[PDB]
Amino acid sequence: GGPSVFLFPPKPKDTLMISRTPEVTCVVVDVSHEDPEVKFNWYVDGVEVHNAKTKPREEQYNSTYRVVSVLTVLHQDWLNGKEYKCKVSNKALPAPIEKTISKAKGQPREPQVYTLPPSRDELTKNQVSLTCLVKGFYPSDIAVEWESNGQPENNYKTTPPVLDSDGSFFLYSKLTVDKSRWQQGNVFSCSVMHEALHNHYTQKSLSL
């Protein structure tokens, strides 16, 4: 083995709302016990940066260490396609190990968002399925949530993005509710957040 590096990007929600603070997470794994001195170097677009908050190595069950540095990125810096490079140098490795991560290259396409009622055959048991189709968006970074009457609906699952034929992405959100509420006539909302949307937000609803 040896020390291995993993670079995870921010959560799509984090970069689309100036409210949150998107961060890029470099994690060093299997740093050995003998020499566990690990240097972190951070570059944005090749230019070295130093506002990264490296954090105290945590020793693991396997008598192996694991360090994490967190670089907070600027929302527009991520959406303007900057490239974040985590360099990790260690005494137990032939050369420093590099990793770079970015938003997917390409032209952002805007998600179409529709809402699909339950079919009749399903209207036969306790709960039915309200479907939110989101298609035609690029890149795949996206967030989906449901609510109705202002409060969050929680019994819902969202499939991962799928590559469509034209090269954009689609997904579905399925929200499961009691057939009562569906037959009552309550309206439910599928809310989508994506960088190619005005205000990074749209909302589409659905009721009897």
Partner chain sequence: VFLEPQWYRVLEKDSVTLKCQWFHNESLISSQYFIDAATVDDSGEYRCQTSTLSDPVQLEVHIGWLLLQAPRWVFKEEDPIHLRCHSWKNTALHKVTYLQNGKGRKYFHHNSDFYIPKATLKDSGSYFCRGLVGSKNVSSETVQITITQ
The other form holds:
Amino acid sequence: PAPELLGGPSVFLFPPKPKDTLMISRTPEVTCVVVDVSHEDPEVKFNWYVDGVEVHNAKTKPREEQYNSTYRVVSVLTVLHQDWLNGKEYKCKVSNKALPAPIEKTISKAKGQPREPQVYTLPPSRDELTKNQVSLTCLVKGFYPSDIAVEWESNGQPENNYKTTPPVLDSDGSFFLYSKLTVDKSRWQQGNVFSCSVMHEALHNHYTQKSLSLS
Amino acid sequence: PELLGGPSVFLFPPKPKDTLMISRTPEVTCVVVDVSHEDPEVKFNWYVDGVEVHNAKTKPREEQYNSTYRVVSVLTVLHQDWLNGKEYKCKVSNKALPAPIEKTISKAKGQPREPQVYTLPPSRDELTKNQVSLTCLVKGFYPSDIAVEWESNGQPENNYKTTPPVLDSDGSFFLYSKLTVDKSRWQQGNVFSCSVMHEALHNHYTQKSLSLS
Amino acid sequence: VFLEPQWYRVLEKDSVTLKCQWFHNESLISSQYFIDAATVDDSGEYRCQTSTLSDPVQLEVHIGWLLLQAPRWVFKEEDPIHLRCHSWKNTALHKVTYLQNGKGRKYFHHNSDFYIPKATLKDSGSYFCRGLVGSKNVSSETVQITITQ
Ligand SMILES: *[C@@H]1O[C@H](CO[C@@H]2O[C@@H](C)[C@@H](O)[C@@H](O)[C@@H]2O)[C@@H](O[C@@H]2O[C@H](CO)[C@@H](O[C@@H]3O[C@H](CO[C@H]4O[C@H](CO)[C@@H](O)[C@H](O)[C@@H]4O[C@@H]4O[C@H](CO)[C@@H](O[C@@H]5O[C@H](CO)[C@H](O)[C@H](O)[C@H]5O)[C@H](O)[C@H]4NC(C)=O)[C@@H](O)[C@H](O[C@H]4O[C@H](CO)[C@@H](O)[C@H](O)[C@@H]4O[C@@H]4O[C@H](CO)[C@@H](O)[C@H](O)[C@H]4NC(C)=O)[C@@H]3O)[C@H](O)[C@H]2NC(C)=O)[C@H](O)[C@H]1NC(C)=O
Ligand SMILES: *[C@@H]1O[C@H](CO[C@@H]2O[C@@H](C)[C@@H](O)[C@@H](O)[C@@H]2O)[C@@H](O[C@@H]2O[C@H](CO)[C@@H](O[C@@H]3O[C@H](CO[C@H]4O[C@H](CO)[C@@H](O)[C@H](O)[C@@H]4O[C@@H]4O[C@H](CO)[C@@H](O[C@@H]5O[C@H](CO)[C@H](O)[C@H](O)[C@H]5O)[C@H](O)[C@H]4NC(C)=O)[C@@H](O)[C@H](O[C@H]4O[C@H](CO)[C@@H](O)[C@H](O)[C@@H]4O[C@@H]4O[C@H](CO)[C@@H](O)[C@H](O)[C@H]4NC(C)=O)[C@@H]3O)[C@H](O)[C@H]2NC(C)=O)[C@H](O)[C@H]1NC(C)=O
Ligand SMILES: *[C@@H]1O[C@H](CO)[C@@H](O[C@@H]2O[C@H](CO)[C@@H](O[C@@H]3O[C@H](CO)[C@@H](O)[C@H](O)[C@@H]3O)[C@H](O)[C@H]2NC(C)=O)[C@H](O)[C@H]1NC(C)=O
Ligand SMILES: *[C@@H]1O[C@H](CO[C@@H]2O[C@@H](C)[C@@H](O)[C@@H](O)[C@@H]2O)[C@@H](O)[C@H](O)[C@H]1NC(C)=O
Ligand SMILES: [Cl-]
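Shown: the form solved without the partner chain; wanted: the form solved in complex with the partner chain:
What follows is the entire complex, opening with the chain shown before.
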């Protein structure tokens, strides 16, 4: 069947990926997502504003039929790295026939004093070394805002067999997280140096690296 | 379909720690909000795997700041019933509901798996700071229901935060718990313990120590 | 110069009907009035003639999901205050709350008018309503009600 949609469409507005705002080579984007668009009134008009000034460079995506018989309708705006990190507000205005007025949504970087992450690599526990795989740990703490990217490398090559916890509010209002890279024990015993890479606005060049090996 | 206005019902499970420690009483809580003054009478029927049970302790209705009533029923639960995966059903009846509202919960399904617990001292680089981070890594557990705590000289440590469970690539969960302590206490050689309570441990409990060496 | 319904504050797409005993913003009209589906431009001053020239009667058309309607905004002690939480296109509204001074005063499972039969001094303050249209949380703008003796 088809659902009733008495309130018409709803809007969700999302920030750029943290790494995208911090590396000049990459392309950071704000994404305005409209859901519960009916088949009968499926057109969505987007206006975009940066600190109240209209901009015209958004990409209009083809609408997407959802399994519940609604459309998902999306507009994506590329932003300037400096504007996002300087705290400009990005406003998405969504117009649709099923609504009494336009829905407006705003997003910016979290406000408040940036704080530099402290980064610490921790070897496997003596008790894990009986296993075939071991856990290399990266602790990242004392950072604000929560927007951060974390990756691993060895010998100039990405190491991808890792999981990172979400950011966690610490008692001083800063954030921390942990990243766990699982490696074959042979590779650790051989003396390979692994590195935990952290990207955050408050780090010099938005980048730091801490390394870890057998001793 | 969807339903119109009327009271709403929310059903909450017991705290994981309460289901594992026999000295604690685990509760299942049925909460009914948006009860009008015009039809304030709320009846709770409680079913365990199908079997109606009485012995649920219903608090009297409480006036909320928004001019609605909220009514809580609390069913005490048997530790082993929750762990064996029995369904707990809360049925709420009230004149403004055309049909009664029913809510069901149980312990997450799937094959339980024992956490491994590893404590990790502070990185040498952190020993420059006023405080330092003792880390407890807990991995390989299923389901995610767990409690983790820090202790020293038989008393809980104050200042720790634990990440939420994260899903590992093998379908088990891990987490880290960070205990922050003054560096003096670590370098003077005080002993700290990470305690872990999970259904798949012997005695639903294990602990691992950590101290300077 | 009679309004049918009496609501002088209305919402875009509301039907209004006007009765005589016309000059829309002091200006001539199409016929000698039924507003089939209001818009912001249908707002303003209204007078009538065919008899004498009438008093001014104001009509506010508003844009929104909800609009808190009353016959007037100033009431004598012991007068009845009739509030209506009017939804755009009379869209089904549920879990409706009428607030006074930021506090929930009366709650309804389904949209209903909030009738106060005997006004007191304690009934002064800013009022608005809110509720759910499907699963969207919507609210009206506030209005001030004052009570005198
Ligand atoms: C009909 O169907 C549709 C679609 O249904 C779906 O498909 C079917 C098959 C089902 O399986 C179903 O589960 C699927 O959803 C329904 O559409 C859904 O509608 C609900 C609301 O009803 C939406 O729920 C919100 O989700 C938000 C988070 O969404 C993201 O994450 C989910 C997974 O968790 C994804 O599925 C979403 O798509 C979103 O994912 C993000 O998408 C971005 C854009 O693509 C990504 O960013 C970009 O990424 C690219 C690269 O890919 C680049 O990097 C760009 O630079 C970058 O911009 C992003 O990476 C991606 N994230 C992922 C994958 O993780 C929630 O935030 C939101 O919660 C808020 O609002 C709630 C109100 O409803 C409220 O209850 C919450 O509390 C919360 O409130 C906020 O809280 C925060 C703090 O926590 C505050 O800061 C806010 O102020 C506060 N209030 C707000 C914002 O008001 C919702 O839960 C859901 O997103 C949507 N799904 C999809 C796919 O669009 C529809 O509802 C159905 N209708 C009916 C009638 O049944
Ligand atoms: C009028 O007012 C009342 C109450 O007023 C309140 O106080 C005033 C001053 C205001 O501040 C106001 O904001 C306050 O709420 C309003 O009542 C509220 O109504 C909303 C719904 O409109 C309810 O929202 C749901 O909340 C759930 C989370 O609730 C807990 O957490 C919040 C804080 O986040 C607390 O405030 C709540 O009280 C709940 O807290 C828990 O309470 C348990 C029972 O007491 C505790 O467990 C017990 O603990 C004891 C120890 O003390 C023992 O150990 C017991 O054994 C143990 O049982 C528990 O500790 C405690 N947790 C805390 C404190 O963290 C959300 O889960 C829920 O979200 C689901 O449903 C949504 C649909 O509405 C959906 O959109 C969501 O995505 C989500 O979806 C569901 O997800 C679940 C789980 O994943 C799935 O099962 C389902 O698939 C899925 N869908 C479903 C079920 O459809 C809601 O957000 C709110 O709880 C309620 N508040 C209170 C206090 O009752 C009322 O709405 C107002 N009315 C009007 C008209 O304005
Ligand atoms: C009769 O006179 C009334 C009273 O002035 C007119 O109402 C006004 O109508 C205009 C446009 O229709 C409204 O302006 C709009 O709103 C905002 C104002 O913040 C503006 O930014 C928009 O761009 C838009 O122009 C105006 O608010 C409204 N004023 C009031 C008090 O209701 C009415 O249009 C006149 N009717 C005719 C047929 O001439
Ligand atoms: C509706 O929400 C109230 C306050 O939330 C604010 O208003 C709504 C429209 C959302 O846009 C939200 O993001 C805003 O922050 C709640 O206090 C209230 O419980 C809800 N009202 C009802 C009647 O359910
Ligand atoms: Cl909970």
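C-alpha atoms forming the largest set that superposes within 1.5 Å between two forms make up the rigid core. Numbering follows the first chain given and starts at 1.
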Query raised in the report: Superposing on the core, which single option in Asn62, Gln151, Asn155, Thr159 has a CA shift of 2 Å or more between the two forms?
Result: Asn62
**Report entry** Angstrom displacement of the CA atom of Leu93 between the two forms, core fixed
**Finding:** 0.7
